[PDB]
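Each chain is listed here by its residues.
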Amino acid sequence: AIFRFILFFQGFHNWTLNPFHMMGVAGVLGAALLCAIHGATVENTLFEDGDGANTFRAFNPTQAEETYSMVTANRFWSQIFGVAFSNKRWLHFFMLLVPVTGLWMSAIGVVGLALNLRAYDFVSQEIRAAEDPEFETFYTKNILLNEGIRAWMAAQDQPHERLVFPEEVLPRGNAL
Amino acid sequence: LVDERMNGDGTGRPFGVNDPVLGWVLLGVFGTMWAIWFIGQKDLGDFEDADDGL
Amino acid sequence: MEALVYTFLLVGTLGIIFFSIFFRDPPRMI
Amino acid sequence: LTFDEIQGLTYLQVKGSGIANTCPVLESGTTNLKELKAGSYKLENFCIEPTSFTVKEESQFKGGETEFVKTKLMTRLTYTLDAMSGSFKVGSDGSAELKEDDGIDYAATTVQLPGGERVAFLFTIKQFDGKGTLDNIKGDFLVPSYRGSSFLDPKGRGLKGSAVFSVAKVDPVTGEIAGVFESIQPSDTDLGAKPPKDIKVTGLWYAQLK
Amino acid sequence: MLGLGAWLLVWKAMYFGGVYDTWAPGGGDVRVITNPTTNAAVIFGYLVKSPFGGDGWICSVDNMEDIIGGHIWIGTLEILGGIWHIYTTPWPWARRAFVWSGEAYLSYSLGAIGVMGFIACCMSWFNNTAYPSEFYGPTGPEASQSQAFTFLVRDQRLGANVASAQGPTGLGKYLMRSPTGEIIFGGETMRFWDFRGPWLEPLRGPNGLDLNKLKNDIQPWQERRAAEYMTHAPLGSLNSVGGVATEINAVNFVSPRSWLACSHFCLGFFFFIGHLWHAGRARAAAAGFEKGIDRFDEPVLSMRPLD
Amino acid sequence: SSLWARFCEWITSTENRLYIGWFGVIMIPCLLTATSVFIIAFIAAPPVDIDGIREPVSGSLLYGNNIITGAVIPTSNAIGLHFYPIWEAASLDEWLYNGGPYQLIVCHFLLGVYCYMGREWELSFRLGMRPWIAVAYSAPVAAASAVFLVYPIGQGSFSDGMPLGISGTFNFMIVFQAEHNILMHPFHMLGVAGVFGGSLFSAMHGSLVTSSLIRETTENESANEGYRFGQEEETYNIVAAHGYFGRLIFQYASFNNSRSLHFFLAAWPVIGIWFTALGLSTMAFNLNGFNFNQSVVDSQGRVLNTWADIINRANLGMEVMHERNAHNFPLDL
Amino acid sequence: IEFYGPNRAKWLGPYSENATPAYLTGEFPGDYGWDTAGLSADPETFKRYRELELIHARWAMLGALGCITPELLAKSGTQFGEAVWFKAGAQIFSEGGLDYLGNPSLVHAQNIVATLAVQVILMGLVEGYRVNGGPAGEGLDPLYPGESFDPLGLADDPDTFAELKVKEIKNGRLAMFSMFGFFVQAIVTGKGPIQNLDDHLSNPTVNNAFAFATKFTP
Amino acid sequence: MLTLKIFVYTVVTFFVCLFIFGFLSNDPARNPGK
Ligand code: CHL
Ligand code: CLA
Ligand code: CLA
Ligand code: CLA
Ligand SMILES: CCCCCCCCCCCCCCCC(=O)OC[C@H](CO[C@@H]1O[C@H](CS(=O)(=O)O)[C@@H](O)[C@H](O)[C@H]1O)OC(=O)CCCCCCCCCCCCCCC
Ligand SMILES: CCCCCCCCCCCCCCCC(=O)OC[C@H](COP(=O)(O)OC[C@@H](O)CO)OC(=O)CCCCCCCCCCCCCCC
Ligand SMILES: CCCCCCCCCCCCCCCC(=O)OC[C@H](COP(=O)(O)OC[C@@H](O)CO)OC(=O)CCCCCCCCCCCCCCC
Ligand SMILES: CC1=C[C@H](O)CC(C)(C)[C@H]1/C=C/C(C)=C/C=C/C(C)=C/C=C/C=C(C)/C=C/C=C(C)/C=C/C1=C(C)C[C@H](O)CC1(C)C
Ligand SMILES: CC1=C(/C=C/C(C)=C/C=C/C(C)=C/C=C/C=C(C)/C=C/C=C(C)/C=C/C2=C(C)CCCC2(C)C)C(C)(C)CCC1
Ligand SMILES: [Cl-]
Ligand SMILES: [Cl-]
Ligand SMILES: [Fe+2]
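Those protein sequences? They're chains D, W, T, O, C, A, U and I, same order as listed. Using the authors' numbering, you'd call the opening residue of the first sequence number 177 and step up by one each time. Using the authors' numbering, you'd call the opening residue of the second sequence number 60 and step up by one each time. Using the authors' numbering, you'd call the opening residue of the third sequence number 1 and step up by one each time. Residue numbering for the fourth sequence is 52 to 209, 240 to 291, as defined by the authors' numbering. Using the authors' numbering, you'd call the opening residue of the fifth sequence number 155 and step up by one each time. Using the authors' numbering, you'd call the opening residue of the sixth sequence number 11 and step up by one each time. Using the authors' numbering, you'd call the opening residue of the seventh sequence number 30 and step up by one each time. Using the authors' numbering, you'd call the opening residue of the eighth sequence number 1 and step up by one each time.
In isolation and in its complexed conformation, chain D is listed as follows:
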């Protein structure tokens, strides 16, 4: 049913073109990035305490030392990527700050969609495409596809409207 809700937004609201949803996916997917980065960095620039190669058995939980070389990981990511962190206060605070910023900036757009202030069609490309026929951008294909969603799924999605479309009314595509 969540899938029906997702296609409901995709075919009625065009939730795709919402910049608040762009913020949301940036926050979610960057948090999923930075989790993997930090996990594959910290236990990889690890120190030398045990004897065998099983490095999990060489950690005192009551420890006053470190367990990963901050200088070495800084030099690593500085030479590969360019900018690299130097403050592991700020690192974990940035891991805190990314996905909540993404989810709040998605919630604001869900509010704006609840009021039916959707990120539907623009002005410029539409008034240009009504005049000049051969324009055909992916934008003007997504709109002409979302119309095909909304005219097919509605007659069984919402029966309280009490509408039965004839087959001539439906967007056919000339025998695809």
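Treat the hints with care, since some could be wrong.
[Claimed, not checked] Stretches of chain A that chain C covers, calculated by requiring three or more beta carbons in the stretch to come under 8 Å of a beta carbon on chain C:
1) 60-72
2) 86-92
3) 314-326
[Claimed, not checked] Restraint-style ranges between C-beta atoms, simulated for each label pair:
4) C:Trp247 <-> W:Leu113: 18 to 24 Å
5) D:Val345 <-> C:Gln373: 44 to 50 Å
6) I:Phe15 <-> C:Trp247: 19 to 25 Å
7) I:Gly33 <-> C:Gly236: 35 to 41 Å
8) U:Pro187 <-> W:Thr91: 27 to 33 Å
9) T:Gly15 <-> U:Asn200: 57 to 63 Å
10) U:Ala146 <-> I:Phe15: 51 to 57 Å
11) D:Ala290 <-> A:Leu210: 24 to 30 Å
12) T:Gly15 <-> U:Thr107: 49 to 55 Å
13) I:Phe7 <-> D:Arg180: 52 to 58 Å
14) O:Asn187 <-> D:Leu346: 53 to 59 Å
15) I:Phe7 <-> U:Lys104: 48 to 54 Å
16) A:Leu341 <-> D:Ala327: 21 to 27 Å
[Stated by the list, open to error] When the alpha-carbon atoms are kept at most 27 Å apart in a straight line, the in silico DSS-like pairs for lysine-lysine are as follows:
17) I:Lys5 <-> C:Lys203
18) O:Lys291 <-> C:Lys367
19) U:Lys196 <-> U:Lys39
20) O:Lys189 <-> O:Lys150
21) O:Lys123 <-> O:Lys241
22) O:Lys177 <-> C:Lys367
23) W:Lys101 <-> U:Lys194
24) O:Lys85 <-> O:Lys291
The set of hints was computed from the structure by calculation and includes no laboratory data. Note that the Cβ used here is the ideal one computed from N, Cα and C, for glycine as well.
Fit chains W, T, O, C, A, U and I with the ligands to the given chain D structure using the hints.
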């Protein structure tokens, strides 16, 4: 025809080579790089059994 | 008209990327 | 190559070089105009090569006179109408009566103008009747439709040209006839939304009497 | 041992019964290879040809003569390599280039076998010579070519023309051209015009599809193969329901080519990840810091800062 | 001394700032080629026939597209899987019409990112770390290669690859849902669990470490000046943080080892992304998603409807409208 | 040193008489011991045979490379008249003289007796200078001079130059044996040698040599 | 276009030969070592 083009799609030629002029450049770069490496062999580690492994 | 605004914004983002990479404060020791 | 020189090749040898987009080159058969007997013949493989696509640029830069402009092809090797046939009489003194009914008679190609403007157009010799004597074999053809009536416009809504043949080389034995070819046809319009453009096509051709 | 394994296949082709060719006329048939083509300038073409469309890599193999001749080459070559390595030792340009340990030997083999898996995937999805269409089913391009040929043979015998039938947009509904000038089918098999199957090649002439042969020379077994391939096109599902995702539960069908291709692609990609594991770990263990940075001797605090 | 020895010493030095290494000689020029083609083609590319049906498609900024709708158009379907460089074309007004720069940029970008993964191995070996950063970086490489290389090989055309643009990405995704039903596929749900769990674990660890920072500064200045760089003192009380988490949920779902916690952070989203990387490759070869059409049947034999029988209607609505001017024969798109 | 000494790599492996001949034990490059006829029992005879062999070697290298190179170039992309070293000499008589590299704007050589005279004069000069020592180097070693015509200077170390001696001799013996192969193929098949290689690689079992085994029948 | 094609093959084969003869040139000893 109307225009001029190599017509190299779908042929099935080794290394995509059409002219032998195009074919000589492979060896002309490979041999000179090999020769520079083989000169640079002087300042490396050559040995009987001094092997780099466990 | 707005294409120049688009291009100016993209080039300015790339410029801030450039200055962030090369003209940072040096991460210094103890 | 010639006709047997082409058909000696295999499909693995034709595939990938552009030999398929050619008329077979005819041998020395010039000025054999008295070596032409009569009969209600047909053609075996009536192929026509184009070699230059020029467009009448209606924009003015000199005065009230516009010429034809050499341009570039756009799609790929997508020309040389093939396997055309019909009914092809040779008369008394050289009066050819050439009737086209079947075969791949159409090819849709796009072509720029210097100025960065694309123009699509058909290349159609559908249903041509050329009745002439070996210098200006004239007659008209059809430009049926650039696109079908069942075409969807991008928001889900919704003639005759000139053609002149010629004959240069004649095989007296097998009836292989070469020659030069010219035509002028209109461009595509999107149903009156854009006014058409005149397009001249020059080329060669080839045919085998039977 | 691998050379004798290849010569077993060579002997089975050359002397023992025979191998099922899919290019014999009148349908596929088991035949005995008499002249395996062992031309070096032909067989070492396929190893060098471009891995893209039209050209193709060694998946573009077509002849059983070429297959068995290449196996003759491998049977000679591997025996020569065995006699080489039993009596020779590695030379110093290879005694310094390699990491000589236990896990490293696994690391090389994992990357090799991952490449083997990718090549097997692209073999089993595209080829119809070594994986015949009568046994494994039709292939990807073969389904679309079979559909277009079936509807052309359908609509030819009713009155409409096969040549002048202009489609929706000007291009040919049934017959059109290639990018390189040949005459092929239309629709969406213009991405699949590189297809060469034995039910279609006798209808194919010098310029491609001979219009005279499509008028006059259609075979009934070709009609049957074309009628069944569009029915059993490879359109699976994980719950084994044939057709598109927008199809009712009609036919319990998934092609075996899909299972072979997907399974070997996943099982090659994991061996690639295993190679990226072990080739790092082996050189790190040979270096001496597979267990972590030592706290006393640290390689960073001797170097310069970068500023 | 020698030229080659001095050149190798320079190229495997660790004192030049952006490291190069030996994979860098393919990582650097090839990605600079891809970037320098992409910036030009995002701005001034002429319209491209994506369909092979003589309909060019505008994708660049100069022809009435903004930053969202701007995209590099993929190659035409008549071009197929054929390798189509500049030198095989007729002109540069003919190469750009038939899907030019996509074929160049994709084949450059893939060779760039594989050598970038090799470089991430190489600098770790040059410094003396343990070498497993490239194993974690193998996941988005697989996710890029599945949509740029594997899926166009499976569909037989470079048309169905992902268009290089924001508004083109979604037109890839929706038509992929139409033809393949990606949501009803168990690999994709594992990847959704991967990305959501990755966000959860990142926010959770960044909460539980920042909540245990030892007071070393005042309350007027920044709370980030308490960490002097390159020290040996553990700035977060991991004992107190683990005790707080154990009081919060469970004592047997402990993960008291910091190294076990970091292995779990390194292995949750990477294995999450690997299963979608396999899932795209399986759907490339037409091994479809799930299908629950007409499952719930009453005692007579009539057909009831479920949420699967609504998603079937939505996918029919997408399918009878995607590629509106090409499809004539009733299947195989 | 493996290459020369009492334990060099002899000319039959374990089967090389279990001993050298008694008049040569190392001390010179290229010594394997193959003098079974015993033609060099006297040391001055042996020195003359080295002084002859090394010059035949250094000519045989150039004679090999000059008989490979035009069959590569003309068959690849150029024009020569005829590139095969049969008819490489007959290019003066052909149409307008010998166009070097197939270009009638450089040398364009005629007057074959004048070319013969220039060859006789210049080769008399250099083959007298090689014996006595003249300009661009005084005569100090008849085989290994090592002076301003050797500009790169690799013969400074004794041991590396001692190895390069053996490399030059091994390449020399190979070049001589190959040129003898060129001459016998030139007598038998009458075709170019790289043409013979391209004919052999097409069908190695039937175009071997034994197809040309009944040509010289009485 | 052939003038371009010689140049592209030249650059590609230069970088690939630099790659291969780099990794043959004593790689696993340019580490911090033991
Ligand atoms: C232990 C095995 C072993 C054997 C059997 C040989 C064999 C030989 N090695 Mg030797 N080698 C061996 C070990 C090694 N060799 C070498 C390195 C070398 C070198 C550098 C050389 C040799 C040479 C020789 C030859 C010395 C005698 C000779 O001149 O042939 C004379 C006898 C024949 C030629 C008979 C050949 C029989 C054949 C069937 C004749 C064909 C008949 C035709 C039909 C006749 C044509 C008819 C007419 C009318 C036209 C001989 C062929 C010499 C050589 O081959 O020069 C040409 C030489 O220069 N070897 C090394 C590295 C250290 C070895 C280590 O194991
Ligand atoms: C499959 C089994 C196998 C394995 C594991 C090995 C392994 C090895 N061989 Mg080997 N060998 C084999 C089969 C095998 N060989 C066979 C069948 C033969 C007979 C032809 C030989 C003949 C042989 C010789 C003569 C020598 C080796 C050597 C070596 C060692 C170093 C190899 C090296 O650095 O070059 C790796 C290869 C290269 C660097 C080649 C360049 C790679 C380019 C990029 C590709 C071009 C290669 C080729 C033409 C491929 C075409 C392109 C395309 C199809 C991909 C290594 C232990 C050397 C050694 O010291 O051992 C004694 C050596 O001198 N081998
Ligand atoms: C664990 C799961 C698993 C399973 C179930 C399979 C199953 C299969 N794999 Mg496979 N594979 C796997 C994992 C798996 N693989 C992995 C992890 C990899 C690495 C990525 C591969 C790599 C791989 C390759 C590279 C290939 C297969 C192939 C195959 C198929 C046939 C097996 C075959 O040809 O034997 C292989 C045979 C041998 C190893 C030995 C045979 C040698 C003998 C001597 C030959 C017999 C001689 C003669 C013909 C018989 C006697 C005649 C005599 C009278 C003369 C089969 C469906 C093949 C296939 O059909 O491709 C689709 C194929 O090409 N797989
Ligand atoms: C110009 C020819 C020539 C000459 C003068 C020499 C001279 C010498 N060689 Mg030598 N050699 C040659 C060519 C020659 N080489 C070639 C082509 C090869 C390769 C097969 C070798 C391989 C070789 C080895 C492996 C060894 C020598 C050795 C020697 C030295 C002592 C043997 C001796 O007395 O030779 C006297 C030789 C002659 C007087 C030449 C006679 C020429 C006439 C025409 C008869 C030849 C007919 C011929 C055998 C027919 C078949 C030809 C075909 C095999 C090419 C001496 C300095 C030994 C040594 O210590 O090296 C320094 C040694 O172990 N040679
Ligand atoms: C017609 C085509 C036009 C193409 C134009 C190409 C434009 C792009 C070129 C890149 C310019 C920016 C980098 C230059 C500065 C630099 O070298 O760093 C300065 C340092 C200083 O090094 C030091 O450099 C010294 C030399 S120097 O005097 O200082 O210059 C040296 O002596 C010393 O050993 C060393 O420590 O250099 C290095 O660390 C390594 C040099 C190579 C690294 C630069 C290449 C990285 C480019 C990234 C590519 C990916 C980007 C993808 C697109 C977004
Ligand atoms: C070798 C070639 C490959 C690398 C080339 C690419 C390098 C990318 C460099 C990123 C520059 C961003 C600088 C952040 C500003 C900066 O300099 O950060 C600097 C910061 C330094 O941390 P410190 O420890 O010094 O901070 C100390 C405290 O006092 C304050 O934090 O580093 C980071 O935190 C890394 C975060 C990188 C996050 C990058 C995400 C950016 C996404 C891209 C945004 C632009 C969109 C592009 C579209 C046009
Ligand atoms: C269609 C068929 C396709 C076939 C493709 C063939 C691919 C060939 C791949 C070769 C890989 C070689 C691996 C490195 C080999 C290597 O390790 O080098 C090193 C090796 C010598 O090593 P050493 O340093 O130990 O030498 C001994 C002394 O130096 C010890 O101090 O040299 C060779 O053996 C070269 C072998 C031939 C190599 C080819 C010949 C090179 C010159 C030819 C170029 C002509 C120049 C013309 C100028 C215009
Ligand atoms: C040691 C011994 C020992 C025992 O005891 C005995 C015995 C056995 C007798 C012995 C052996 C011996 C031998 C084997 C020998 C051989 C030799 C030779 C063959 C040489 C060659 C040698 C050879 C040589 C020099 C060669 C040379 C060549 C030349 C210059 C060439 C020239 C030329 C050229 C460029 C080209 C042109 O177009 C022309 C010409 C003019 C033609
Ligand atoms: C039967 C068959 C055939 C043939 C086959 C064959 C004959 C194969 C072979 C193949 C081959 C013959 C392959 C090759 C391989 C090798 C390789 C692929 C190499 C690679 C590289 C490497 C391994 C290296 C690496 C590195 C560097 C870069 C350098 C140094 C060292 C190192 C390690 C660092 C044919 C065609 C008929 C088709 C059908 C099937
Ligand atoms: Cl769309
Ligand atoms: Cl279709
Ligand atoms: Fe962590």
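Hints versus structure:
Coverage of the stretch 60-72 of chain A by chain C holds [criterion: at least 3 residues with CB-CB distance below 8 Å; count 4]. Under a criterion of three residues with beta carbons nearer than 8 Å to beta carbons of chain C, the stated coverage of the stretch 86-92 of chain A is upheld, 6 such residues being counted. Only residues whose beta carbon comes within less than 8 Å of a beta carbon in chain C count, and the stretch 314-326 of chain A has 3; three or more means the coverage holds. The beta-carbon spacing between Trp247 of chain C and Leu113 of chain W, approximately 20 Å, falls within the hinted interval of 18 to 24 Å.
Taking the beta carbon of each, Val345 of chain D and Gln373 of chain C are about 46 Å apart, inside 44 to 50 Å as hinted. Separation of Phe15 of chain I from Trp247 of chain C is about 22 Å and conforms to the stated range, judged on CB atoms against 19 to 25 Å. For the hinted restraint 35 to 41 Å between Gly33 of chain I and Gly236 of chain C, the CB-CB distance of approximately 37 Å keeps it satisfied. The hinted window of 27 to 33 Å between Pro187 of chain U and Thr91 of chain W holds, with their beta carbons roughly 30 Å apart.
For the pair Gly15 of chain T and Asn200 of chain U, the beta carbons lie near 60 Å from each other, so the given range of 57 to 63 Å is met. Taken as a hint, the range 51 to 57 Å holds for the pair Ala146 of chain U and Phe15 of chain I, whose Cβ atoms sit roughly 53 Å apart. At about 25 Å, the CB distance of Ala290 of chain D to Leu210 of chain A agrees with the hint of 24 to 30 Å. Checked against the given bound of 49 to 55 Å, the beta carbons of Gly15 of chain T and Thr107 of chain U, roughly 53 Å apart, stay inside it.
Checked against the given bound of 52 to 58 Å, the beta carbons of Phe7 of chain I and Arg180 of chain D, roughly 56 Å apart, stay inside it. In this structure, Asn187 of chain O and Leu346 of chain D meet the distance hint of 53 to 59 Å, their C-beta atoms being roughly 55 Å apart. As the Cβ distance of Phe7 of chain I to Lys104 of chain U is approximately 25 Å, the hint placing it in 48 to 54 Å is violated. At roughly 22 Å, the beta-carbon separation of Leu341 of chain A and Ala327 of chain D lies within the given 21 to 27 Å, and the hint holds.
For the hint pairing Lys5 of chain I with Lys203 of chain C, the CA-to-CA distance comes to about 18 Å; that is within 27 Å, so the pair holds. The straight-line distance between the Cα atoms of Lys291 of chain O and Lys367 of chain C is roughly 19 Å, inside the 27 Å bound, and the hint therefore holds. Between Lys196 of chain U and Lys39 of chain U the alpha-carbon distance is near 16 Å, which keeps this suggested pair within the 27 Å criterion. Straight-line distance between C-alpha atoms of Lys189 of chain O and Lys150 of chain O comes to about 12 Å, which keeps the hinted pair within the 27 Å bound.
As the CA atoms of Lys123 of chain O and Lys241 of chain O are separated by approximately 25 Å, the hinted pair is consistent with the 27 Å bound. Taking the CA atoms of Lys177 of chain O and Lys367 of chain C, the gap is near 22 Å; set against the 27 Å cutoff, the hint holds. For the hint pairing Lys101 of chain W with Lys194 of chain U, the CA-to-CA distance comes to about 18 Å; that is within 27 Å, so the pair holds. Our distance criterion of 27 Å between C-alpha atoms is met by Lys85 of chain O and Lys291 of chain O, whose separation comes to about 18 Å.
Going down the numbered hints, you'll see the structure goes against just number 15.
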